[PDB]
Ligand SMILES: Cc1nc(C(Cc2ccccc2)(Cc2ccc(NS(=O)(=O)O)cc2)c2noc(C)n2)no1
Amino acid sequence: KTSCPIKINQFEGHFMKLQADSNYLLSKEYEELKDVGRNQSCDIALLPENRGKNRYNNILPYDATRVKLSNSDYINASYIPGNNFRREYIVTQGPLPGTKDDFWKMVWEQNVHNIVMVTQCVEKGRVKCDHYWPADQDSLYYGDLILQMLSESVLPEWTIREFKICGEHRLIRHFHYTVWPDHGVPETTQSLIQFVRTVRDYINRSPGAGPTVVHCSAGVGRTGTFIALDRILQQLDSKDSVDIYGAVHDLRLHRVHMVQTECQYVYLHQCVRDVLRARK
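Kindly present the structure of this chain alone in the form solved in complex with the named molecule.
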């Protein structure tokens, strides 16, 4: 099983059916995804060299799909296919104090113009991501790069920041969703749907951009849900039919744990359901 497409017109009843007996058919599909991609080696991520480069020792890129620092080429970051092309996203863990120069190096080399962050830095007193961009308008050195924040706009559920980066100038936009708790789901579908549509709008406005960066803490759950939502919301505009199973499957061929909880998988369905409810 690589794909379970569901006709737009069948979805409400289908999803009803999925949620029956305590999400019983849902848990089965989610369970079926469990081992996807997991036959692949993680050997470079496991070198002694690289140990301090990994936030979490069980969340490592596959050797086959890992992003490489041009060049010790090692970053915890994976290439991810999207609705439109094969290297559409780069997905990474929340930077560490000791890898934030690496992270900006990758951003520069890969021609990234848009970053999506869907974790906070510290949640319930637990560190999730370093505060890896400038704290104000003063320019900062990140290895061989200089970065300056040009603007920060704080909205209730996300904050958009514009940076200028120069090497030894590109404009970068950073879309930070602030209300998605780790291992959890946002409070509403409407919020993330609208954030997803905002980002994609700007992506469309970014001629020639490299991959879009998406990250959270480990770079798998909220990051994987974000991207799966981005992909299906495009399918809802182009197709008779949406393939939530297929999307998550695909993400898993490329990185462990993409969409990391059953509830995140349920939430993807709740999103598609509500969009279609709104249309009807």
Second form
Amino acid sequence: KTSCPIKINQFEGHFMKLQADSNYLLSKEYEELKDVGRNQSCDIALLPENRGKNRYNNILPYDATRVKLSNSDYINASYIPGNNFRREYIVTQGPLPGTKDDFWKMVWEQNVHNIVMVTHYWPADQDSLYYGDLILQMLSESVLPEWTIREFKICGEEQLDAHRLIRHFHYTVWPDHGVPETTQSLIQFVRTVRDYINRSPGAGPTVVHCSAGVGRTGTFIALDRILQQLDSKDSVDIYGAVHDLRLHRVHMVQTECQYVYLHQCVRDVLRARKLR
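The block above covers the form solved in complex with the named molecule; next, return the form solved without the named molecule.
Just this one chain is shown here; partners and other molecules are left out.
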């Protein structure tokens, strides 16, 4: 199975059913996802020439879905599908000192207008700096209670554009161990970022990273996809969203706790909506 759709009017009991017996059936479901994507190789990421370019040598992009830099072409980054597209996200690691120019080159070349950090490779103040062949300038930094929003102006080698405004959304309240303490917190962060994505004339793919581009990154993305499903359709498919993500990068939703949390988010949204 690649999909487990649940009619919304049934979700609450289906999730209670999944939870019964200390998560007996949830666990069985989560386990069916274990091997998804794992048939794929990461040969390019393992090349000797690329070793210094990986933050964690065991967390590597699949060859099949990796993002390429213009001509090496290697960056630790993977393309992901969303609700809407083709190449809707790029998941990447936190850049290393020696890969920050590569990070910004990717952001420029891939037409990225929004970056999501759920875990510094940008300027500390408003004075401009080069990163390789690109120039970057921070225009604003807004510290809010649970995330910080920065705006940057970037210019690289002209193709589709010659200068660009980029927004960077840093979620600053993810506990060091486990999931966020409220569903509301991540739901509101996701809705906010999605609003910023949607209202642009053309956002390109959205870059998402934590330290490695893994469990938390996958949870952000899945929740983004799942909340869009809830706004559009009368069924929700958490299993399918997670399956799809895993096809494209290793560790996309990496723990059972994260899988539960996604279910709790959907549960909570549907409870509130039934009432209004």
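Residues that one form lacks are left out of the comparison. C-alpha atoms forming the largest set that superposes within 1.5 Å between two forms make up the rigid core. Residue numbers count along the first chain shown, from 1.
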Looking at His183, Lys100, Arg87, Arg200 between these two forms with the core superposed, the single C-alpha displaced by 2 Å or more is at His183
Hey, core superposed, how many Å does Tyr56 shift at the CA between these two forms? 1.2
Enter the rigid core superposed C-alpha shift of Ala209 between these two forms, rounded to one decimal in Å. 2.4
